[PDB]
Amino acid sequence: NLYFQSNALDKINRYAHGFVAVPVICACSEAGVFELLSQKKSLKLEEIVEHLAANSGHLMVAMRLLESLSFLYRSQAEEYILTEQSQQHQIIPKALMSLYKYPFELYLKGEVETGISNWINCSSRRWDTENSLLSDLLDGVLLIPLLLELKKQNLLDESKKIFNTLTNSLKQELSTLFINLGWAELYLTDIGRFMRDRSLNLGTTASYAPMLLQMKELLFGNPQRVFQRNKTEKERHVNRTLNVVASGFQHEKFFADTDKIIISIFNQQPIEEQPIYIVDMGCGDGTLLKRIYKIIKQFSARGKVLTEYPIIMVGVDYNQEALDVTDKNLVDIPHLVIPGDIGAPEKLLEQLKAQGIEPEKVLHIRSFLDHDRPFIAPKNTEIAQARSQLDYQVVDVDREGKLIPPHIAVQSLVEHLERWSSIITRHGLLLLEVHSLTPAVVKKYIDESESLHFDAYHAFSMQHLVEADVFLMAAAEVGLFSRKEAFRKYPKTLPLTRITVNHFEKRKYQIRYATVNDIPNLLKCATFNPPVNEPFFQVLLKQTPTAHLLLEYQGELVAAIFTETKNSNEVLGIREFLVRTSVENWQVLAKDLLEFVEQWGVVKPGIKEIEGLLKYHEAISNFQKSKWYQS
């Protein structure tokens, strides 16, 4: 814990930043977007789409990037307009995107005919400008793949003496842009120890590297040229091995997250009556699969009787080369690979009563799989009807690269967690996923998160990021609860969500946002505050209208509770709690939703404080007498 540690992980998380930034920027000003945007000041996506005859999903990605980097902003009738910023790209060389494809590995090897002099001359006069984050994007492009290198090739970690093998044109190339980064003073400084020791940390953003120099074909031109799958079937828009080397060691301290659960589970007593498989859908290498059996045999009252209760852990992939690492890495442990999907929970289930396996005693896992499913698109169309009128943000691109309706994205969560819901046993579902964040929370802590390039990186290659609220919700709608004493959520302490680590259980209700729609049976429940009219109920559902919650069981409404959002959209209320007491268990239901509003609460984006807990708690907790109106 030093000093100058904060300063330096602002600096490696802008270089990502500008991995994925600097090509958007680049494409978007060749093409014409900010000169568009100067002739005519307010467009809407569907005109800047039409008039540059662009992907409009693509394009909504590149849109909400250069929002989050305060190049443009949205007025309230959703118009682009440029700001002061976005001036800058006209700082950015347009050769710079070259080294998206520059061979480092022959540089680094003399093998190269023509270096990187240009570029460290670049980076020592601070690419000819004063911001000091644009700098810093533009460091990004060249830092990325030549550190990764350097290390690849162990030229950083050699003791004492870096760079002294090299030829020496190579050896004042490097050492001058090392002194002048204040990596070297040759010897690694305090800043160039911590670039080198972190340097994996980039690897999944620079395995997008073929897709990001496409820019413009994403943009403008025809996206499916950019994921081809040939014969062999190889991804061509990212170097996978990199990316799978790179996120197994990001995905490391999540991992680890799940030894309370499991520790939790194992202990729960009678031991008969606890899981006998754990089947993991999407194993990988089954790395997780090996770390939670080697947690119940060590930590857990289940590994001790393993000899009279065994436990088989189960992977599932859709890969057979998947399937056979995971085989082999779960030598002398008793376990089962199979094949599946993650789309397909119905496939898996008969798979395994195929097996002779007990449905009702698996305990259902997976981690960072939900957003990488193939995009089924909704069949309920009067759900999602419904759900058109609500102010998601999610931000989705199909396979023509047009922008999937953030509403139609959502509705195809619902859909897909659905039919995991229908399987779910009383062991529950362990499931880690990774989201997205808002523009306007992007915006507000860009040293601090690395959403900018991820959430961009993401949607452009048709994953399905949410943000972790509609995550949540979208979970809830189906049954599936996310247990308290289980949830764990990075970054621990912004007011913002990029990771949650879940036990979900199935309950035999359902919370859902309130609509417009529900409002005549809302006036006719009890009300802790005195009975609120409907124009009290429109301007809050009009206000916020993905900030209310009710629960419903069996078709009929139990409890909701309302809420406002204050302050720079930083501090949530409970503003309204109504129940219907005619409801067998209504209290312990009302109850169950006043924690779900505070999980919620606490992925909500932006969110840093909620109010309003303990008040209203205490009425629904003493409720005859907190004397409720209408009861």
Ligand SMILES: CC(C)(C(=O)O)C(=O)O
The other form holds:
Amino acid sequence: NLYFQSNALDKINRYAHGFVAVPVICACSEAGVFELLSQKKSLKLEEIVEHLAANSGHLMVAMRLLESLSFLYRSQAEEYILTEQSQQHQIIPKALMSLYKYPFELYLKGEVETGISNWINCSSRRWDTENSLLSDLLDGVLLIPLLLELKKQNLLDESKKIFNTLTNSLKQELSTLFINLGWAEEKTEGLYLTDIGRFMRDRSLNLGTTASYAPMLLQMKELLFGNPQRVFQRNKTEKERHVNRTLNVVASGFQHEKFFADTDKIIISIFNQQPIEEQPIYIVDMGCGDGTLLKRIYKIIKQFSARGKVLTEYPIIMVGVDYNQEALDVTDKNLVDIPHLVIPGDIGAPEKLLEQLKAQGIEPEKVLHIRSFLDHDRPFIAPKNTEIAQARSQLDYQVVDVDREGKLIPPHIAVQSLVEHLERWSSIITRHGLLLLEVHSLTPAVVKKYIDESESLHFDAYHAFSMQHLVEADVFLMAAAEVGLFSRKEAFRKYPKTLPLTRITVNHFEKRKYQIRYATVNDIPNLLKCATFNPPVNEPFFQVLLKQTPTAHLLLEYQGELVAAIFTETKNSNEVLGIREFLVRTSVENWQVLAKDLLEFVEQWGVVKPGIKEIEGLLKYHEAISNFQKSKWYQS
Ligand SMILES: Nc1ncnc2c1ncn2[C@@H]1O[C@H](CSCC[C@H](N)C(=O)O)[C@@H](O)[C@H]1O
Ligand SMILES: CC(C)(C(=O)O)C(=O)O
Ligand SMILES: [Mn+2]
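Form deposited with the ligand bound, following the form solved without the ligand:
Full complex below, order starting with the chain above.
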């Protein structure tokens, strides 16, 4: 493609970064967060929480955001320490927050008393700083609600003589703005908006998901330091005040549809699988929305699969499921001319779905279950298994989740919740499997490193602020593996494709008889007795490995019995993951297949592990398990 585009993609991502970060920085500044960390240099989160009477959950979201922007960092003892970048909070005009409430619709159409000349001028002086990232962060506060309103009124699609439907003053400001941004130019005759100008106009709708949370972000003060339920509580009408949902849904659909196409190869594979009669009959989408994905899947089957040639004899029935009756209605209308069924249901209640299906006469073992981008937005159910939750508490999970009081849900509680949620789904999944697309958060160390390349700084923040439940992509794959659900190699896709970070996974989960979980210190006695490719490992080395990476050694169990285990090392600025040990128990039926599945799972897990650029040892340890007797294992 073209050369200007690397710079242009950075700008538009930075704009969305600033749209969320500026409310956080401003609220933290006004409340004395940066001065508190000056008067005392090393404070833990709960000390900050106590002294500022803060909401620990939302405040954790802010601190993570500030750490990803390098305004602070955490010590070995998890204490927060300011950096030189933190002084940038003084450069930010705290009146910028007015723009989250400014009627840009009335400004265009000249029905407003006060314009935006000061901000346009601020933008032209690069916001009185030489930090290029900072200037773009502040621009995004202005440009995002402005660029969106310009397109909503078609003031940009006629790129010949832009702005002439506007009064002279309005025309002059906007012209000065775009010309200073390099978005427009005028050589002869009239004004013409350039490449970077068209780039921004074409991609505008992406910004609409971030922009739709402007009400929530305006009340950052209340989230961090007040009563957060005043931001979210819903009327008798039951309309959402924290987000403009209508713009959200539309902008979201336009993004999700990019990933719907990756289900095509899965669908085609499933419905080419011989024989026809053993294929699924029902395709059941939990959280169907407007039914876009169901419609696509049906057409792909009809046009591109063996199944599509014989629907007369072997019909397919599409089933949309949603907890919102309006969604069922739009879905029922979008699926015209497709054999379909719409029924109410909830992402947290697979048992009720199954009961509702049988009431319709649907044979449950003939269902392919699907969904996209819904598990992270489920109603949070607290863990019921307190023992396993307790065993989990010593793993170093970095999930940030906020409850209804704005209190921080401990990371191991959030993971245990996800595990128990997926277990409920696992108990109804059939031989046909579970097609599942999900979005995922990143760790701040990885976000820090890929600030220009990835959407995570703002996406993870507004997701956690709004009490949604993102996890890292490896945590999600582990939670599925703990309950027997494994993402099929041939179906899998992750995004971004070539950076060492995973924001989106496309999965075809299949239910298997075994589970995969993290090895812990409690497994060492059993581990010592396994057959082992390297000479028998002694307990201290297991302790060393378990201590430096508590969530990087995987073991496979079947009916409570250890079958196999793989330990790893993470090295080289945490960019390299390497296979370090391979253990099996050859007394377990089909152990060699299972050990091969575990090596396969470790590769997939390492592919989605935050920050991992390459995996070492796959060939060496594949050879060890593939030619087991010739490889001369110990203790076999
Ligand atoms: N707890 C819940 N149970 C079932 N459906 C839910 C739900 N929460 C939200 N939904 C539905 O899930 C949808 C989220 S928006 C559309 C999501 C769709 N799967 C897609 O990727 O385009 C809404 O239609 C919403 O009503
Ligand atoms: C729908 C959307 C944008 C949100 O949660 O606001 C998402 O999950 O990506
Ligand atoms: Mn979401």
